[PDB]
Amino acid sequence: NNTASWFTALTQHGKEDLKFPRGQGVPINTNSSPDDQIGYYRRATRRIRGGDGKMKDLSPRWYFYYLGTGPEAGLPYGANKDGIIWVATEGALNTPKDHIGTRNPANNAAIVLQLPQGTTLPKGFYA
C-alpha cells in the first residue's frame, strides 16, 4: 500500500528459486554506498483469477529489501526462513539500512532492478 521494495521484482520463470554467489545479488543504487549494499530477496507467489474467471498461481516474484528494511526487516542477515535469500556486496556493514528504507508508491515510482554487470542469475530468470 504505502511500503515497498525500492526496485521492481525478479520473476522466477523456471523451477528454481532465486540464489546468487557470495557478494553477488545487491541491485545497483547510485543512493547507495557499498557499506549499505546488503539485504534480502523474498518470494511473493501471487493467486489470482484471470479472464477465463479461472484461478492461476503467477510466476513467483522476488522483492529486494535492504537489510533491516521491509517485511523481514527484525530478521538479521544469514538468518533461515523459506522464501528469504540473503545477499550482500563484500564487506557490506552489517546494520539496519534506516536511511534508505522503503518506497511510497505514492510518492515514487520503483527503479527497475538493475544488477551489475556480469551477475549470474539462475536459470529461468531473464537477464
Contents of the next structure:
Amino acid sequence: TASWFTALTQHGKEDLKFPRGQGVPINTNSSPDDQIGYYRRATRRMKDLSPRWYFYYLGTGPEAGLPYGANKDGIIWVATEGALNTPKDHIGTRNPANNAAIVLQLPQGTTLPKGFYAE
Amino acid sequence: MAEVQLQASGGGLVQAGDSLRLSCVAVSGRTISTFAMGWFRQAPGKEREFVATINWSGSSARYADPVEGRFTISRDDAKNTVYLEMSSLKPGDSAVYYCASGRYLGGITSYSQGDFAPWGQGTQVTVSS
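Moving on from the form deposited without its partner chain, please list the structure of the form solved in complex with its partner chain.
Once more the chain from above appears, this time first in line as the rest of the complex follows.
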C-alpha cells in the first residue's frame, strides 16, 4: 500500500498547503468526481532528511478513515472544482510490486509554498 | 453501501398554504463547507425530483419550476446544515425530502442527480387540501 504518486519534498521551513481548488495531482485515469484527497507528511530520520508529502485519494491510504476536512498533524486536504465528497475505493492505493508510482504533476499556475517545486 | 452521513428532519403533516422548514445535517465528521448542496424529493409513486441547489458559497441558488418562488434554500457551514424553507405549500409538494452533497466549489449549472453524492435519509412532508 503506497501513494499512487511520487512525493513533494519540503525543502523549506513552510509546510505543504494549497489554495482551495488546487494541489491535486494530475491522473488521466481518474475522473472529475475523484479529484479530492489529502497529503501526508512522512519525515525520514543520525540526521533528519527533508519531509516528504505523499498524496492519497480521499477514503484511501493511512488516513482512509478521516473525512475530508478532519484536523490531524501532517494531514492537509486538497480538491479540484467538481470533486465529490465520497470515498475513492475504486482507485485505492498502489501495490509497489504490481505497479509503480506516477510522477506527481500539478497544473500550470498552481500556487506552491516556499521550498516546494514541481518539475 | 455506506452509513448515512446526511440526515433530514423537520417534516410533518401540514395544511395547504402553510409553511415548513427542513434541515439536513452532515454527521459523523462530514462537512458541507466549500461544497455545493442539493434538496431532492420523491412523491409517492414518483421519481426523484430536483428541488433546489445552492452553490458552495451561498451566493447563488436554483429552484425547480414548480417550487420556484415558494421555496428558499440556505446553508450554515458552521453547523453543517442545509435548509429548505417551504411556503404556500400545495398537496402536490407532498413527498419525501432529502439533501445531497454536491460538487466541490460548484453551483447552479450542476443540478443533475449525478452532480450529487452522497445522499441523505429523508423526512416525510404531507400537505392536505
